[PDB]
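Chemist: Each chain, letter by letter, is given below.
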Amino acid sequence: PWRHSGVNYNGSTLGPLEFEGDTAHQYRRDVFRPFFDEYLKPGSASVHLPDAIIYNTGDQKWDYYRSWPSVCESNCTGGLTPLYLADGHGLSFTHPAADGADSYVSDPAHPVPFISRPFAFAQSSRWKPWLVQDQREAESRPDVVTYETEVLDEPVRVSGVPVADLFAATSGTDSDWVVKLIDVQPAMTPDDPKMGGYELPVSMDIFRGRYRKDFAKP
Amino acid sequence: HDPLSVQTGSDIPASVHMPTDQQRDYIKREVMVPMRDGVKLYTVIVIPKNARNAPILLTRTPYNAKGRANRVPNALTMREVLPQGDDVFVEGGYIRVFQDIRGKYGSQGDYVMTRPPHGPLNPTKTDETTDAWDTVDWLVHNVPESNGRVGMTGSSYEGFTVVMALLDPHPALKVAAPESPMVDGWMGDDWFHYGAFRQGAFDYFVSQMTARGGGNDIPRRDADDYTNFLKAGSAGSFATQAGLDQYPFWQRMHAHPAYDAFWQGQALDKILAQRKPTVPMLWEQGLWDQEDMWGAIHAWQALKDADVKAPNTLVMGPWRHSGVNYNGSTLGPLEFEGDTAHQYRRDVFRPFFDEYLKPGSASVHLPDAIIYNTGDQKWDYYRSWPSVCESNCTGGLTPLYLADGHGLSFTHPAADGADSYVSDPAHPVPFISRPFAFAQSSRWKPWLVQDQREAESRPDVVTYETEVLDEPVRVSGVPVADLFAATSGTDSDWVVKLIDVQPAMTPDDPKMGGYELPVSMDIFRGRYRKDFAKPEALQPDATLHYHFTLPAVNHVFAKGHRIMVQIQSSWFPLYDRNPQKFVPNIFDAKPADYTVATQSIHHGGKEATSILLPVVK
Amino acid sequence: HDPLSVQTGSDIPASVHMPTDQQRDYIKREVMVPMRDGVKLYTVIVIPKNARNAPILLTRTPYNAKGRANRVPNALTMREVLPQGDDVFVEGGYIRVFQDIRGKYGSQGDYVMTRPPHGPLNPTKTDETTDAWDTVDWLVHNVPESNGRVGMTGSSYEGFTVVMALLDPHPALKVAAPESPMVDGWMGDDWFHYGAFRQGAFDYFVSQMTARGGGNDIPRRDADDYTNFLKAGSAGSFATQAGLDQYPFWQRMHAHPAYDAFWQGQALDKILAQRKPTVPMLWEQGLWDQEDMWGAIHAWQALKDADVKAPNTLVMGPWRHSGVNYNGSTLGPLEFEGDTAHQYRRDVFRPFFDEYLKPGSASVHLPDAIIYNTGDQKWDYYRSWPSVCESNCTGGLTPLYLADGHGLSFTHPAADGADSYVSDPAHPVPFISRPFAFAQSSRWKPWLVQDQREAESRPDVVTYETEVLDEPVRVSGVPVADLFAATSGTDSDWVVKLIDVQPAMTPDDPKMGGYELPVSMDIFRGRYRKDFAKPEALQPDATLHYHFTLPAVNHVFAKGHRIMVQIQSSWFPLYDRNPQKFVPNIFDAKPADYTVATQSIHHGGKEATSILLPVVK
Ligand SMILES: N[C@@H](C(=O)O)c1ccccc1
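Protein chains in written order, with the authors' numbering: chain B, 367 to 584; chain C, 50 to 666; chain A, 50 to 666.
It is possible that part of the hints are untrue.
Restraint-style ranges between C-beta atoms, simulated for each label pair [what the hints assert, rightly or not]:
id, chain 1, residue 1, chain 2, residue 2, range
1, A, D74, B, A582, 53 to 63 Å
2, A, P122, B, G445, 25 to 35 Å
3, C, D429, A, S506, 52 to 62 Å
4, C, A355, A, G58, 33 to 43 Å
5, B, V511, A, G58, 43 to 53 Å
Taking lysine to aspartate or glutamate pairs in the EDC-like style, the calculated list, with each CA pair at most 16 Å apart, reads [unchecked claim]:
id, chain 1, residue 1, chain 2, residue 2
6, A, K89, A, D183
7, C, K89, C, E140
8, A, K630, A, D590
9, C, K280, B, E516
10, C, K655, C, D453
11, C, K608, C, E520
12, A, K427, A, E384
13, A, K280, A, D642
14, C, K280, B, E505
15, A, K427, B, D396
16, B, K560, C, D271
17, C, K280, C, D637
18, B, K579, B, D531
19, C, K427, C, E384
20, B, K427, A, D396
21, B, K546, B, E520
22, A, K98, A, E194
23, C, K280, B, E514
Interface residues of chain C toward chain B, partial, derived using beta-carbon atoms under 8 Å [said to hold, decoys possible]:
id, residue
24, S469
25, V471
26, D473
27, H476
28, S482
29, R483
30, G563
Hints are computed from structural coordinates only; laboratory data are not their basis. In this text, a Cβ means the ideal position worked out from N, Cα and C, and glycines have one as well.
Extracted from the complex, chain B is given alone in its bound form:
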């Protein structure tokens, strides 16, 4: 649960998020070091690492996966589960039979700030944890379409690489597509009030439309 190069520092927190102990040190001492020791300090105890050792940002613990990922698009044990966008600005695992579309106006004269203004690239203090920043500002904008599921009854578990299956049209001849997978915190978090309703992005990325068919030939 670290930011870039976060492994070589402290891993207890990232932005407003809080994790279980120094996750960075944890790895350095329990996995990194012993692993290196095996091959570098002859006579050392050998380690048997799995495919992936990943921290769970939901369960708040380390997950040891013998074979990861277990689900994916091609060749994995299982397949990905499509979370469909639906009318009413919602999300459902049940493919909406009816056709539909929601629109927004992307005005380049007023581009969406990736993080609250004002930001200068020199502000490392702001650049480092920008990926866990609250996505509520964007939501309040008319140039950002947003969809959400109903307050979860039972937890939904995810592990692997999410894929954006997006069917979008632009009135222009080019366009960038930013997709953000977000975990909205509970409406109210009495133990830590500031987190109440916090729109925390677990995964997001941008895609330049001009490379839709060939990254090599725009």
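Please arrange chains C and A with the ligand on chain B, whose structure you already have, making use of the hints.
Modeler: Using the frame of chain B, we list chains C and A with the ligand on its own:
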């Protein structure tokens, strides 16, 4: 059984009498002062130990008079027992009186939210004026340690009472100083701002009206009030869900969405001017008064217009609402030259009050208005103010026009043009960064000085700016929004902001680099363009002319800065969203009512939008 | 007249029907549960909406039950309305019950500070044990959504009511988990620590005993309590000036400064052991518990010795007092591996309770003690704990002797020597940096983890230390202070501190460099050397043997660190100053009684001062 070991009774004393009380430097007197109609009011008299003929400082409050005089509960010294703002009056040996208004906390009788003065709205033989009058009468005949002289003061509702008292004061009331008073709750004070509803009220309602004494807030689902109010829908939808529908005042408010007879009968600025008070007055309000921006300035001027034969000075510092009674050395990221609040309280407030409350004290001669210059960072003493205005002033206003290329210019642009922006009610512009809950006093208080860069970055907001200044522009007075806006819908809200863009870089204070600091901004509900009393639908796609006053300025746009004007059509969640479709009552707007509209602000030509700036030399 | 315009009544509604309640996911039942003596007790019952066969988690408190179940007043969710430490039980769907103890707030009857159990000290037909019995009895017969099973818990006074309940529980009480419970107020819990009085008590008295419900604090003269108490002189003199002389409990305490029959009749740890109970218990207390360090560990141990035939697990995390019901990730500058508090609640607390309250739940097999290792930074599950102690343990304690050159050695120094320091009562050592007021909760809470470097710099504090460790030293158990000290006066206090000196440099966290973190420290009142019940004057200049237990440890002194021992004779203003001259009752010490003394701590030889460390492998 030996009582020193075995206890059968209760470890709680049956009656206390702690020596802590003899170690004090004051005396607290509690008394149910009876009003003419037989209703008694809870009154706290804080008398400095060994007080021979001391003036009384009276304050009537709906905010628990006991606690008001208990900054530090049962403090050993008066200075700690009384609020921060009483420091000069404590230093001067004044007697302090805090009274629970009729209906609240310790007092008896019925409580009526900002009880309208005796008239069409209040036919009873009692009001906030008589009660004040009676109290003063009782106070001068029941405090031997006092000198029979009474002064009145207080902020917000505690100032609203000073005004109500000024309508028909008691001979004893020698001097009054209303601070950020609740004068016109519709025009631009606490409830509405030019017809636009302030959703912060709902809480206050359930807070001050659920019970005689302390109450509670409205339980929220989400931590962000932006979400709370939007997910609810219309302002009335919230009130209903909060059960406010069962609160008498809300019912009255909801019944009168326009500036009808109900609200006009409470316009204390006009009513006070009709009575022509003869008692010396010291009107105070903050330049960034986020709660009662209309009150003081309007009352002072309305009296100035009626030619009152009495001291009538207006004081405006670099403070937020009620900021005068605390420390005024800073507000938000802004920094001023010293504790401006204490500054005024010691060098003006006190001396002025001393003149009429302490026989023999030096006499002061305050100018029309003493205002803090947020540009030069110094106190300005204006003999006549303002010098520049629309009509009846020495000189007129200087229009700063909107021009092509989203620029601002003092020269009337001949080229006719327009700039459009889509206002989607589904995504209203956050008045301050998200998330925000009305309960966040911390965030609320200085919201008026926050950076406007976030808003600027949105496509549903239009921004205009002058070039980087090469010569400073001095403004002192009330700027006017000369708006020529057009909307696709049949209704709209118009937020106009006058901003001072800080230097692109401020190496002494990096954080302020290119900071968009609003010196004056307000909202205007389009349906009231023609008449506040008679709301009327706007003609779709038609360029309509709006003309309204923005909060007063006493600022300087220094070199390196820029003047900036910002226009938008929402301000969530402070103001309820205008459905952009004309409806009989916006409080009862339905999901289908809220319509996405296209706004176009016309610049240049005959319909040239601009800010009529009070430019001075 | 038109009502929607004119109000003649009160804007305050007669009743209210807030629809917020319908949105809530729980219901609150307020019941006046009647005890066996006719006295009824206020009882807030929080029931999860649509509950069936739900266990009841009960807490009896002298701290306003209504407010206890109102973390977020009238919250829409139970998780919000209940305290942080209820999280695991709210998630489990437990019925939460908070009851006002007899004599407090909503409850009827008389209040008796920590009402002594039935016996010589309390002859009446009732007590906190019966009230609990009566309460549980009612609960299991009037809460239809409950399965009849009840678990009792609470911290501090709220944990004290749990212990009282365990003296003679109702058959429905299936499990108890006292948290940092008030067990022996004289020995080392809340009032005294080995006879030394804690001046924090005075505020507590006036605050918790002035009235049935809420009370207030004692008005101070100075903002610094170090000054406040020093100026007043003796603790009793302060109490007198504060006006505590009229409170029955204070009188009884003042009349029993020694460990006489009055306090021995309250020693719940010994009393509970005499009763041989059979209810599964899970004792908890913080390793750095600054309010009730004696309680849990002693009561738990007493039972273990009494060969109790029921689950008896002790839990000690890296928390401050009552820190178990909050977030336990940090403590002052210290940082632990994740929320240690939450960890325990989810992984141990609830599962344990689930076993006996939710039939069909898996059975947990807790060891003797689950202590958090403050050195390794991980939870330790000790099957048999401690493994080392003075009498009847697998192994004994290893002494860390005081040596010459102000060092600490594990090797018994043959050379006889002594280091002396002057203890001037007019300049007592601040238990934490000045200024400090008892009202400063933010400073009080984590005072036991503060840097001891300040003390070290004082000419009235002897500091000893090992050489920077090349091998880590693991300690797990209860360290004993084997003190051979000598004072020139006829009385004296002895403060012994066991400190872990951080590495001289900590590049990853620069502020921890050379930090002197106290893992365990306490104070002993000299006059009680021979007998806690019979105070005796000390012989001037005589090397006397003091032997008392220090707070339990489960730490590890790693490479780079040093073990440190600090000894002083005062701890102001937490502990009233010892006059250093034997007086019949230190509470009533007169100005002249206070005498400057010369303390001499002997090291090595036959009288080798040391800390009997519980060193393990
Ligand atoms: N342990 C807390 C408590 O029980 O709340 C306390 C008791 C007595 C005096 C001061 C504090």
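Chemist: Hint by hint, note whether the structure agrees.
Modeler: Checked hints:
Remark: the range hint 53 to 63 Å for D74 of chain A to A582 of chain B is upheld by a beta-carbon distance near 55 Å. Checked against the hint of 25 to 35 Å, the C-beta distance between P122 of chain A and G445 of chain B comes to roughly 48 Å, which is inconsistent with it. In this structure the hint that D429 of chain C and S506 of chain A lie 52 to 62 Å apart at CB holds, the actual value being about 53 Å. Roughly 35 Å separates the CB atoms of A355 of chain C and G58 of chain A, a value that falls within the hinted 33 to 43 Å.
Range check, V511 of chain B to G58 of chain A: Cβ separation about 50 Å, and the 43 to 53 Å hint holds. Note on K89 of chain A and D183 of chain A: the hinted pairing holds, with a Cα-Cα distance of about 10 Å set against a maximum of 16 Å. Note on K89 of chain C and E140 of chain C: the hinted pairing is violated, with a Cα-Cα distance of about 31 Å set against a maximum of 16 Å. Between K630 of chain A and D590 of chain A the CA atoms are separated by roughly 13 Å; this keeps the pair inside 16 Å, and the hint holds.
For a cut-off of 16 Å, the pair hint linking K280 of chain C to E516 of chain B stands: about 13 Å separates their Cα positions. A hinted pair counts as satisfied when its Cα atoms are at most 16 Å apart, and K655 of chain C with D453 of chain C qualifies at roughly 15 Å. Note on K608 of chain C and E520 of chain C: the hinted pairing holds, with a Cα-Cα distance of about 6 Å set against a maximum of 16 Å. At most 16 Å may separate the alpha-carbon atoms for a hinted pair to count; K427 of chain A and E384 of chain A meet this at roughly 12 Å.
For the hint pairing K280 of chain A with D642 of chain A, the CA-to-CA distance comes to about 15 Å; that is within 16 Å, so the pair holds. Taken as a hint, the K280 of chain C and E505 of chain B pair is honoured in the structure, with Cα atoms around 13 Å apart against an allowance of 16 Å. Proximity of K427 of chain A to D396 of chain B is assessed by CA-CA distance (about 13 Å); at most 16 Å being required, the pair is judged to hold. Restraint check: the Cα-Cα separation between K560 of chain B and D271 of chain C comes to about 11 Å, which is no more than 16 Å; the hinted pair holds.
Our distance criterion of 16 Å between C-alpha atoms is met by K280 of chain C and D637 of chain C, whose separation comes to about 15 Å. Between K579 of chain B and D531 of chain B, the direct Cα distance comes to roughly 14 Å. Compliance with the 16 Å bound is thereby established for this hinted pair. With a CA separation close to 12 Å, the supplied pair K427 of chain C and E384 of chain C stays within the 16 Å bound. Distance hint between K427 of chain B and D396 of chain A is fulfilled; the C-alpha atoms sit about 14 Å from each other, no more than 16 Å.
Between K546 of chain B and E520 of chain B, the direct Cα distance comes to roughly 22 Å. Violation of the 16 Å bound is thereby established for this hinted pair. Note on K98 of chain A and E194 of chain A: the hinted pairing holds, with a Cα-Cα distance of about 10 Å set against a maximum of 16 Å. Between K280 of chain C and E514 of chain B the alpha-carbon distance is near 13 Å, which keeps this suggested pair within the 16 Å criterion. A cut of 8 Å between beta carbons decides the hint on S469 of chain C: the least distance to chain B is about 11 Å, and the hint is violated.
A distance limit of 8 Å between C-beta atoms decides the matter here; for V471 of chain C the minimum to chain B is near 6 Å, and the interface restraint holds. For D473 of chain C, the interface hint holds, the least distance from its beta-carbon to any beta-carbon of chain B being 4 Å, beneath 8 Å. Among the interface hints, the one on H476 of chain C holds; its C-beta lies about 4 Å from the nearest C-beta in chain B, closer than the 8 Å criterion. For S482 of chain C, the shortest C-beta to C-beta distance to chain B is roughly 7 Å, which falls under 8 Å, so the interface hint holds.
A least Cβ separation of about 4 Å between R483 of chain C and chain B falls short of the 8 Å threshold, and the interface hint therefore holds. Hint on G563 of chain C holds. Least Cβ distance to chain B is approximately 7 Å, under the 8 Å limit.
Violated hints, in rising order: 2, 7, 21, 24; the structure is consistent with all others.
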